[PDB]
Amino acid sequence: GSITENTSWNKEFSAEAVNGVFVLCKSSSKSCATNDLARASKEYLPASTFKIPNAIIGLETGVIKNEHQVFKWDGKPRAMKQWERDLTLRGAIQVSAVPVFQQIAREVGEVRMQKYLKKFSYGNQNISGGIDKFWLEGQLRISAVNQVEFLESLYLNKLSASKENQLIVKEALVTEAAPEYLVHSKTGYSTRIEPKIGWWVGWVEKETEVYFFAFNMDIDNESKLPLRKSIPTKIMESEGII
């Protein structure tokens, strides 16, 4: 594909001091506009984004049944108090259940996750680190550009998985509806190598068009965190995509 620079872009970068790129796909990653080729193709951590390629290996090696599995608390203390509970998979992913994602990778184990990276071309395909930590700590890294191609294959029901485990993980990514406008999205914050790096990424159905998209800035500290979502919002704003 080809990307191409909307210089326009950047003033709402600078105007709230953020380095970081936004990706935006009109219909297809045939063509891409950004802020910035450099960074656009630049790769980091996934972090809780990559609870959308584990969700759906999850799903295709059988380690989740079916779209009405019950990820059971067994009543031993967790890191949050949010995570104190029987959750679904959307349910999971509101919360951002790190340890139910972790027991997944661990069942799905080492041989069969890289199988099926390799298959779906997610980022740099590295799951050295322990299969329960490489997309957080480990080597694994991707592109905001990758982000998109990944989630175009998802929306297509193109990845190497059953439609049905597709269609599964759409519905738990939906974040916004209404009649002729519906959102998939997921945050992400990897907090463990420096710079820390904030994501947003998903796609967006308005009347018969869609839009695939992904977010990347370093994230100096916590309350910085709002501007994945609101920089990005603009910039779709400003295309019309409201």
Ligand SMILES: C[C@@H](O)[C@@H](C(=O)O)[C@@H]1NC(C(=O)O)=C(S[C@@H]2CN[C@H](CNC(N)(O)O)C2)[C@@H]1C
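Each form is matched to the other, and the largest set of C-alpha atoms that superpose within 1.5 Å is called the rigid core. Positions refer to the first chain, counted from 1. What changes on going to the form deposited without the named molecule:
Once the two forms are fitted on their rigid core, between these two forms the CA displacement reaches 2 Å or more only for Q82 among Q102, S121, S162, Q82.
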The other form holds:
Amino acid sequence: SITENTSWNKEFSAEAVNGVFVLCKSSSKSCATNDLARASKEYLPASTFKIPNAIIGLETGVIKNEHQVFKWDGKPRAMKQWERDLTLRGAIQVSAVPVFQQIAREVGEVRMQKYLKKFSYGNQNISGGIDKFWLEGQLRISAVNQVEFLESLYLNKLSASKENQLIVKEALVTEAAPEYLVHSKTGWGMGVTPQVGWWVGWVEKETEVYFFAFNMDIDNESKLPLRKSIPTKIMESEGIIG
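Please give the other form, namely the form deposited without the named molecule, since only the form solved in complex with the named molecule has been shown so far.
For this one, just the chain is written down, with no partner chains and no other molecules.
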């Protein structure tokens, strides 16, 4: 299933990054990683949790459909970018925390618990408060588990309607090129130490698909772009992006 490639550490070393990339062609049955140990280590998901949360919001009817607008009430928010009305896609792409905290409260503990068991999502630990377990609570998931989850979503194999999986997939499109299409999601777990940065998703190029998950320790905000640039450089050297 999974082969170690220590040459990739070259990409990590200039910037002194502690991190892991997991990359799979076609299925999670043929993966490579730079670090087998860290590939299976579980970290706080932070905003990557918007993926299952959005699917569960749709499945339970908490989110009406892909056209639902989440209105800003006028109360100040942690980020300038969140202080506007947002569509589902917008809320996911600008990683609007308070929109998803309200979704989580309306889903509720009992249903949230069940859905993470159906999705086999990490340690499935949602203690710490219904509106903050993926931000500062006990939930943890590995890069390998992120790839397995995303593969299921890609194939419409999660326990959820095909419709709701498709809706969330469109919301995850981040790069459209004539040769290839990227679905992806960032995360930055600030409420854990060391802080974790994520980039997870998949790339379709020609008739093939590649699933990936990247995470790294982030001390300082100036290192955030490395969570996309390190794995993009690896994917581009293999011809997956470009």
